[PDB]
Amino acid sequence: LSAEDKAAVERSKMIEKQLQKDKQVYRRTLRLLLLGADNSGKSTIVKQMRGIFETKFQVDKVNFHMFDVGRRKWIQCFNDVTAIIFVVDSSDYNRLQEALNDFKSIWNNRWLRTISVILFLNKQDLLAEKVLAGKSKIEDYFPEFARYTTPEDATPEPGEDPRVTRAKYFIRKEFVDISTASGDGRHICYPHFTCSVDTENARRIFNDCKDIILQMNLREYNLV
Amino acid sequence: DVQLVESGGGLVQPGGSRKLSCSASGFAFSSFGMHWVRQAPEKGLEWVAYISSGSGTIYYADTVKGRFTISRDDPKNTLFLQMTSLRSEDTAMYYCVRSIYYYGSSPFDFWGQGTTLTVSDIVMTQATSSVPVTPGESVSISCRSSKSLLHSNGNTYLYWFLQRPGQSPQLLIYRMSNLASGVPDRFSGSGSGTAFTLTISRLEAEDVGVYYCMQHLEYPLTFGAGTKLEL
Amino acid sequence: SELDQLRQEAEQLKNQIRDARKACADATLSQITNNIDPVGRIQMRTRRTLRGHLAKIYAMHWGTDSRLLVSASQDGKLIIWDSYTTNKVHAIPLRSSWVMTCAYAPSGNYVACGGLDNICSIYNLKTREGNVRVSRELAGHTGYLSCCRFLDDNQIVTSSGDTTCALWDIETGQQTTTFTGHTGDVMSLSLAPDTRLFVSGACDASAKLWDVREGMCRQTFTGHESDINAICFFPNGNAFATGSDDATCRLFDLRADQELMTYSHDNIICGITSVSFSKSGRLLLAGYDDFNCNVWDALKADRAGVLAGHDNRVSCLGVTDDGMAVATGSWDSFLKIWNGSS
Amino acid sequence: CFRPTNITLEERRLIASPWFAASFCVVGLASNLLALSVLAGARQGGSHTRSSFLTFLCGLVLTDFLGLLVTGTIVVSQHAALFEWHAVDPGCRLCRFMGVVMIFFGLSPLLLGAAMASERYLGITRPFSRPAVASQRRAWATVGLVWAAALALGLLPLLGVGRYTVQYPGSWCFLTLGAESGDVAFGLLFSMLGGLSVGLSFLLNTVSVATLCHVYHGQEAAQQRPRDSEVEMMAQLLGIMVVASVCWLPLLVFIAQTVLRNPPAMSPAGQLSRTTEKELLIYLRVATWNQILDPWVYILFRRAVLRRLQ
Amino acid sequence: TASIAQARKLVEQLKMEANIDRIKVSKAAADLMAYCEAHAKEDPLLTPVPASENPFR
Ligand SMILES: O=C(O)CCC/C=C\C[C@@H]1[C@@H](/C=C/[C@@H](O)COc2cccc(Cl)c2)[C@H](O)C[C@@H]1O
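Top line first, the protein sequences correspond to chains A, E, B, R and C. Taken in order, the first sequence gives residues 5 to 54, 68 to 87, 93 to 246; the numbers are from PDB author numbering. Taken in order, the second sequence gives residues 1 to 120, 137 to 247; the numbers are from PDB author numbering. The opening position of the third sequence corresponds to residue 2 in PDB author numbering, with each subsequent residue numbered one higher. The opening position of the fourth sequence corresponds to residue 11 in PDB author numbering, with each subsequent residue numbered one higher. The opening position of the fifth sequence corresponds to residue 6 in PDB author numbering, with each subsequent residue numbered one higher.
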């Protein structure tokens with residue numbers, strides 16, 4: 005080397021030291037891809053916990082970086103996210119089939135074959151009121167709902183109408199049925215029952231991501 | 001704008017100590033290596049010390065090694081030179097020089113105004145001390161080196177500086193052929209091995225001054241005697 | 002009535018063009034180049050590995066000096082590499098980390114990048130302050146930025162996912178020309194050597210040739226069955242090659258206005274991410290989803306060799322202007338420099 | 011070093027059977043080779059990058075494979091070639107090499123077993139602590155320290171604390187169970203280091219099994235996903251807690267009691283009782299199977315590994 | 006009237022593309038083959054240079 009080359013290599017090594025500081029922050033942060041529709045209310049869910070709309074929140078000394086987007095080409099960018107938060111509006115029975123069609127596209131996506139889905143069934147309070155009124159019948163859109171009965175293993179919330187429980191688990195079954203269709207256990211769907219005004223939405227992502235991270239390890243130690 | 005202001009100079013007793021400061025504004029100071037270059041009255045330039053970006057590498061001239069300490073404060077963008085056991089040989093104008101080093105960079109591009117201190137190895141040769149010139153006429157300046165400045169990577173580490181009367185030196189040619197930013201295209205640097213020529217086509221009044229050739233092949237950095245152009 | 006009549010005329014025009022192309026399809030490129038000898042086996046070794054990116058590398062572009070290159074990764078870092086020494090010359094922190102393309106200006110004074118933020122950011126590399134700063138942010142696209150290429154220090158062409166390409170005046174920050182006509186997301190563009198024309202490939206499985214000055218589409222090239230992801234002009238400017246998700250590469254001719262050759266293999270069932278030509282154009286290098294880079298014989302449609310040095314998708318590749326080396330970027334966060342040996 | 015030995019003809023085939031130590035090598039080499047070829051596919055597949063587990067596991071297989079090859083050939087040879095030890099090798103050079111190579115290749119699995127236990131403990135109890143890159147350079151260092159720490163204890167007899175002497179029946183060298191100050195200090199230190207490593211592996215692998223039970227019993231986990239991956243892991247950790255403790259604790263406890271026996275088990279002339287010479291040999295052969303079952307319990311008992319072989 | 010306006014533009018574009026001059030594929034193929042042959046010697050990837058001339062030794 006010459007006198008300027010040694011100085012040049014020193015500059016290159018100071019850039020690497022600056023990249024090292026950024027790598028420590030990068031690996032310690034979990035990145036979540038937030039998907040949904042306009043009526044899903046996903047923008048309210050992220051707002052309560054707080068091109069691409071990015072949000073960073075920290076829960077129990079763990080940093081979460083969530084991307085809100087509102093597609094086979096740009097979806098390859100989110101190939102390394104820890105989880106995908108798919109949000110639907112259960113009250114709107116009319117567009118539920120669109121959500122199921124959209125959910126099936128993401129679950130069976132080639133570039134998301136190892137990404138777990140933290141499914142959110144948003145606005146459960148609106149779903150409870152809609153069923154309680156009885157004006158709208160789910161059997162009109164889903165005829166198989168008539169022959170559906172609540173499993174004995176179900177754990178309804180206290181003070182809940184059994185009619186709501188039968189409908190609430192039926193919608194959840196529709197998405198979970200899609201999850202088990204294919205995949206062979208590489209990724210897991212995590213159904214939940216949330217609302218816009220819910221304050222525990224941050225914790226539900228926390229525990230589900232901890233299970234996702236833990237299941238990454240158990241695949242590594244079992245040589246899967 | 002890019003500025004380099006030196007302070008701390010003044011009359012000192014022999015064997016004393018003095019602290020020189022170089023405040024930098026208008027550029028990313030922490031990204032630039034810094035040199036101190038001094039010039040004795042009615043003499044040529046003499047390199048004193050060097051501190052790299054990040055303070056990882058420090059070099060001194062043999063005549064000052066052990067007595068001078070060079071340091072920088074990146075958050076304050078200030079360059080320091082702690083001097084001890086000052087001798088009458090140290091009476092000179094001390095220049096603060098920025099230099100950044102990467103592929104295609106231009107080291108020694110900006111010099112400070114300098115501070116005056118008064119106390120109570138490749139050889140670069142410029143045999144022609146003075147050259148009488150007239151405006152509009154082509155002038156050639158020759159420089160020689162004891163060692164070949166051509167490295168195995170293809171670079172020839174030769175630099176050309178111009179010190180107009182009353183002004184700080186300015187970079188003209190870096191690595192023997194490249195023209196520094198803000199320098200008119202009439203200046204051209206040509207050389208091979210140990211012999212180098214600086215051609216100045218269509219000389220103007222501003223070009224009047226002393227021209228120094230410096231080698232950057234290895235430390236310590238050495239300057240030529242200098243060739244003066246006069247009308 | 003009027004709408005039905007007009008759409009029938011389009012079908013007649015499409016048949017007229019198809020008949021016109023069939024009229025001039027007297028011979029096949031395979032028949033023409035049957036006599037010439039094959040290139041043999043192409044063996045390339047990894048001379049350099051550029052490490053330091055902490056995420057998937059999505060784009061790279063050589064500078065015109067054939068020594069410096071810029072790479073973009075989705076860790077929000079633009080890095081400029083000295084390929085001879087593997088030294089990092091610059092590290093540009095991006096405001097938006099979802100970068101999808103990067104370009105090196107032919108003068109070497111500027112670099113450009115942009116992604117899902119719908120912005121093309123121009124960075125000045127030669128400043129008196131000694132740092133890289135944003136000089137311009139080109140706003141106006143309503144979709145993600147998929148590719149960008151400098152024409153000079155003041156002009157750049159960008160393709161976006163909003164189905165349009167644009168020509169920009171960097172000094173004024175306004176797009177002088179807008180190129181419309183693609184019905185899908187435009188994924189790539191390539192500039193002709195004289196920078197008077199450029200081709201773009203979209204997700205409608207079609208490649209369109211655009212006139213830069215006039216601002217309209219001159220020719221449309223079809224034949225792919227899926228989205229085109231990559232495109233590259235032939236070194237003489239009279240042809241270009243595309244790469245699609247159907248595991249095929251096609252060589253289209255501008256003057257013949259039709260496909261000349263298909264580069265596919267039965268073992269290859271994965272999509273193509275990047276394509277480039279060697280300096281003489283005899284070699285076609287393509288990056289694939291199956292972690293490999295296949296070097297094809299452009300004239301004879303023979304797989305000359307394989308560059309297998311990455312553990313994830315080869316997302317981009319490029320050949321220097323002097324033809325000395327080829328760089329491949331990958332989702333495994335590494336860049337590699339390849340060339341052969343005597 | 012060449013202590014007096016008198017091998018009876020009756021015990022030459024019952025307790026000191028020549029094939030007793032030759033069958034273990036054949037089964038041990040086959041098991042490690044089977045678990046090393048199948049480990050090559052995992053490393054060459056590149057799918058194990060978020061855990062340092064493959065770094066530790068590769069070292070454990072190599073250490074056991076060499077351990078059954080270095081001492082494997084020496085013991086088998088002495089039964090056939092160069093039967094006399096004080097005549098074929100009158101110099102004590104071999105015993106120093108044999109004595110060190112036993113401690114190095116025996117205390118490595120205990121430390122490595124206690125290293126993988128810590129890795130599994132942190133990757134299960136607190137999943138968020140473990141980063142994704144899981145740098146291999148910072149993982150081969152811990153394997154290096156394990157190799158060095160095992161070798162550091164092995165060189166203590168060579169520096170005057172303890173000594174290596176030929177044991178019954180006269181085909182292997184080992185630490186001497188004397189009443190000297192050096193023997194007591196070195197013998198108890200070896201048991202303490204081994205005993206703590208086994209104690210640490212058992213203690214950590216209990217918490218991991220206890221932490222998975224809390225996860226497994228989860229009511230949501232019963233229906234949200236079939237949790238058969240934790241069952242595959244509960245079996246693996248339990249196998250470690252059994253094989254490591256059963257094979258090694260008797261040998262480590264035996265040394266601790268034998269050293270502290272009053273009167274000392276070694277005569278002042280330097281001769282052990284015949285029963286003690288038999289018990290040490292028997293208990294050692296039990297601990298030999300830990301190096302043979304480690305490639306099985308860690309690797310070859312996995313349902314995701316048995317599927318590849320078929 | 007959005008569809009009818011788009012239909013006129015699409016028809017007008019197809020007229021421009023149908024009026025271009027097309028050379029034979031054999032003529033175009035020969036030019037591509039000629040260019041590769043003429044520049045074959047100056048292609049380092051096709052014909053690797055001696056190690057002394059390789060910047061990436
Ligand atoms: O019948 C005979 O002639 C006497 C043979 C018994 C003497 C040594 C047993 C060796 C075995 C060694 C395996 C390695 O694991 C050694 O490492 C260890 C193991 C236990 C404890 C400690 Cl401290 C370190 C090997 O398979 C062949 C031979 O049986």
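These aren't lab readings, by the way, just hints derived from the structure by calculation. We put the beta carbon where it would ideally sit given N, CA and C, even for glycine. Hints may contain errors.
[As the list claims (entries may be wrong)] Cross-link-like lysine-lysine pairs, in silico, PhoX-like; alpha carbons within 20 angstroms at most:
1) C:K14 to B:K301
2) A:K25 to A:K95
3) C:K46 to B:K280
4) C:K46 to B:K15
5) A:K126 to A:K195
6) A:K95 to A:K27
7) A:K73 to A:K25
8) B:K301 to C:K20
9) C:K14 to B:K23
10) C:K46 to B:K23
11) B:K301 to B:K280
12) A:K232 to A:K73
13) C:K32 to B:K301
14) E:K65 to E:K19
15) A:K10 to A:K21
16) C:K32 to B:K23
17) A:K195 to A:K232
18) A:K152 to A:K195
19) B:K15 to C:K32
20) A:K159 to A:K195
21) A:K51 to A:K95
[What the hints assert, rightly or not] Across the chosen pairs, the derived CB separations fall in these ranges:
22) A:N131 to B:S31: 29 to 39 angstroms
23) C:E17 to B:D323: 41 to 51 angstroms
24) R:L155 to A:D102: 24 to 34 angstroms
25) R:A151 to E:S71: 32 to 42 angstroms
26) B:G109 to E:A143: 48 to 58 angstroms
27) E:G170 to B:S342: 16 to 26 angstroms
28) A:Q119 to R:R147: 23 to 33 angstroms
29) R:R318 to B:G109: 21 to 31 angstroms
30) R:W150 to B:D267: 52 to 62 angstroms
31) B:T143 to A:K51: 23 to 33 angstroms
32) A:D102 to R:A90: 56 to 66 angstroms
[As the list claims (entries may be wrong)] Stretches of chain B that chain A covers, calculated by requiring three or more beta carbons in the stretch to come under 8 angstroms of a beta carbon on chain A:
33) 84-98
34) 109-123
Comparing the hints with the structure gives:
1. C:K14 to B:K301: Cα-Cα ~40 angstroms, so violated.
2. A:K25 to A:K95: violated (31 angstroms)
3. C:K46 to B:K280: holds (10 angstroms)
4. C:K46 to B:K15: Since the Cα atoms of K46 of chain C and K15 of chain B sit roughly 42 angstroms apart, the hinted pair is violated (cutoff 20 angstroms).
5. A:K126 to A:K195: The hint holds at about 14 angstroms.
6. A:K95 to A:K27: violated (27 angstroms)
7. A:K73 to A:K25: holds (19 angstroms)
8. B:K301 to C:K20: Status violated; Cα separation ~34 angstroms.
9. C:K14 to B:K23: With a Cα-Cα distance of about 25 angstroms, the restraint between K14 of chain C and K23 of chain B is violated, given a limit of 20 angstroms.
10. C:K46 to B:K23: violated (35 angstroms)
11. B:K301 to B:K280: holds (17 angstroms)
12. A:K232 to A:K73: holds (17 angstroms)
13. C:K32 to B:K301: holds (17 angstroms)
14. E:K65 to E:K19: Given pair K65 of chain E, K19 of chain E holds - Cα atoms ~16 angstroms apart, limit 20 angstroms.
15. A:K10 to A:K21: holds (16 angstroms)
16. C:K32 to B:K23: holds (14 angstroms)
17. A:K195 to A:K232: Not OK: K195 of chain A and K232 of chain A at ~23 angstroms, beyond 20 angstroms, violated.
18. A:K152 to A:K195: holds (19 angstroms)
19. B:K15 to C:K32: Roughly 24 angstroms separates the two Cα atoms, so the pair is violated.
20. A:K159 to A:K195: Roughly 17 angstroms between the alpha carbons, so the hint for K159 of chain A and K195 of chain A holds.
21. A:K51 to A:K95: Given that 20 angstroms is the threshold and the Cα spacing comes to 27 angstroms, the pair is violated.
22. A:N131 to B:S31: 29 to 39 angstroms: For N131 of chain A and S31 of chain B the Cβ distance comes to about 37 angstroms; the hint holds.
23. C:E17 to B:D323: 41 to 51 angstroms: Holds, at about 44 angstroms.
24. R:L155 to A:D102: 24 to 34 angstroms: This hint holds: roughly 32 angstroms between Cβ atoms.
25. R:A151 to E:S71: 32 to 42 angstroms: holds (35 angstroms)
26. B:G109 to E:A143: 48 to 58 angstroms: violated (38 angstroms)
27. E:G170 to B:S342: 16 to 26 angstroms: holds (22 angstroms)
28. A:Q119 to R:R147: 23 to 33 angstroms: Hint violated: Cβ distance 52 angstroms, outside 23 to 33 angstroms.
29. R:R318 to B:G109: 21 to 31 angstroms: Check failed, 52 angstroms falls outside 21 to 31 angstroms.
30. R:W150 to B:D267: 52 to 62 angstroms: Violated: the Cβ-Cβ distance is about 42 angstroms, outside 52 to 62 angstroms.
31. B:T143 to A:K51: 23 to 33 angstroms: holds (24 angstroms)
32. A:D102 to R:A90: 56 to 66 angstroms: Taking Cβ atoms as reference, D102 of chain A and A90 of chain R lie about 58 angstroms apart, which means the hint holds.
33. 84-98: Since three or more residues must qualify, the claim that chain A covers the stretch 84-98 of chain B holds, with 8 doing so at under 8 angstroms.
34. 109-123: holds (count 5)
In terms of the numbered hints stated before, the structure departs from hints 1, 2, 4, 6, 8, 9, 10, 17, 19, 21, 26, 28, 29, 30, listed from lowest to highest.
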